[PDB]
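Only one protein chain is missing from this complex, and each of the others stays in its spot.
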Amino acid sequence: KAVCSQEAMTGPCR
Amino acid sequence: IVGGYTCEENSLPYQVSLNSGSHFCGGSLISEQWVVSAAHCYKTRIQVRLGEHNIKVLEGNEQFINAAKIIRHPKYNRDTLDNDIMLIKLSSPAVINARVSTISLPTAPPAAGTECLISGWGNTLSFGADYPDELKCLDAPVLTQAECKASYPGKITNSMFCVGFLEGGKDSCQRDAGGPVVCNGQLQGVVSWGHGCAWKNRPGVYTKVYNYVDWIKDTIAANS
Partner (left out) sequence: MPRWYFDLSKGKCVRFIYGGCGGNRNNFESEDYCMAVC
C-alpha cells in the first residue's frame, strides 16, 4: 500500500 | 523559501547557516559572538557558516565557526514550540566585514501590515524537495493576530506571530527555521513552524524576538 508511508512525519517544524 | 527570489549576493550579511554536515537551519548574527536561532534547531554540535551566498561552493570568503555554547530558551517546549528561540555563542568572534555583520534587535513589538524580509536556504517547494544552493529571500507582511489564530486554532501562543500570505504560494519552509524576519532594519522574527509550506490559510509562524530582548541581553552578560 503505497499511500501508507513508512517515512517519519515531516511535522510542522521548519 | 517557497515563491521567493534569490537574494543579492551578501546583501543579508547577518544571515547564517547552521551546519552539522549539511545545512539544516538558519540564524542571525546579533553581535560579534552571538547568533539568534530557533530552539528546535538545537544539536549538540553546530558549525555556524557566516558570509555565505552559495552554500555549496566554497568561495574562500566565508567564516566557519563552531558553536561554543548553544542555549535554548528555558521555557522552550518541543511539543508546542512555545518560546522557540535560542542563542549560539561562537567559539571565536565573527570578523565583521561588508559580508558578515550584525542585525539590530527590535525596539518595538511586531505590528500587523509591516513589510518584512524573510530569508534562508530552506526548501523551495510546497510539494517534495528542492534545496537551493543560493540564499533565497521573500518579501512578506506581518499578518493580524486574528488571522494567525484563525489559521491555527488552539496553537498560537504569546511567543508566536504570523507573516506571509493567506492565499499561499509564498512562505518559509523546512530548513529555514532559525533564520530571520527583518522589518524596518530590525530582527522581528525567527522562522519556526507552519502546516506544510505555502499552502492557502497556513501562513508561517514565527517567534517574536522583541519578547526576548531582556533574556538575550541577560544571557549574553552571563556568558561573557
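For clarity, chains are labelled A and B in written order, and residue numbers in each chain start from 1.
The rule we apply is simple: a residue touches a chain if its C-beta (ideal position, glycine included) is under 8 Å from a C-beta of that chain, and two chains touch if they have at least 3 such contacts.
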Of B:40, B:89 or B:175, which residue touches the hidden chain? B:40
Of the residues B:13, B:141 or B:196, which one touches the chain left out of the display? B:196
Absent chain, residues of chain A that touch it: 1-13
Pick out the residues on chain B that sit against the missing chain. 40, 78-81, 126-129, 152, 155, 174, 193, 195-197, 199, 202
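Throughout what follows, only the chains that are shown with their structure count from here on.
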Distance-wise, how many Å sit between the C-alpha centres of chain A and chain B, to the nearest whole number? 24
Where on chain A does chain B make contact in their complex? 10, 12-14
Which of the residues in chain B end up touching chain A in this complex? 38, 40, 81, 122, 172-177, 191-195, 197, 204-205
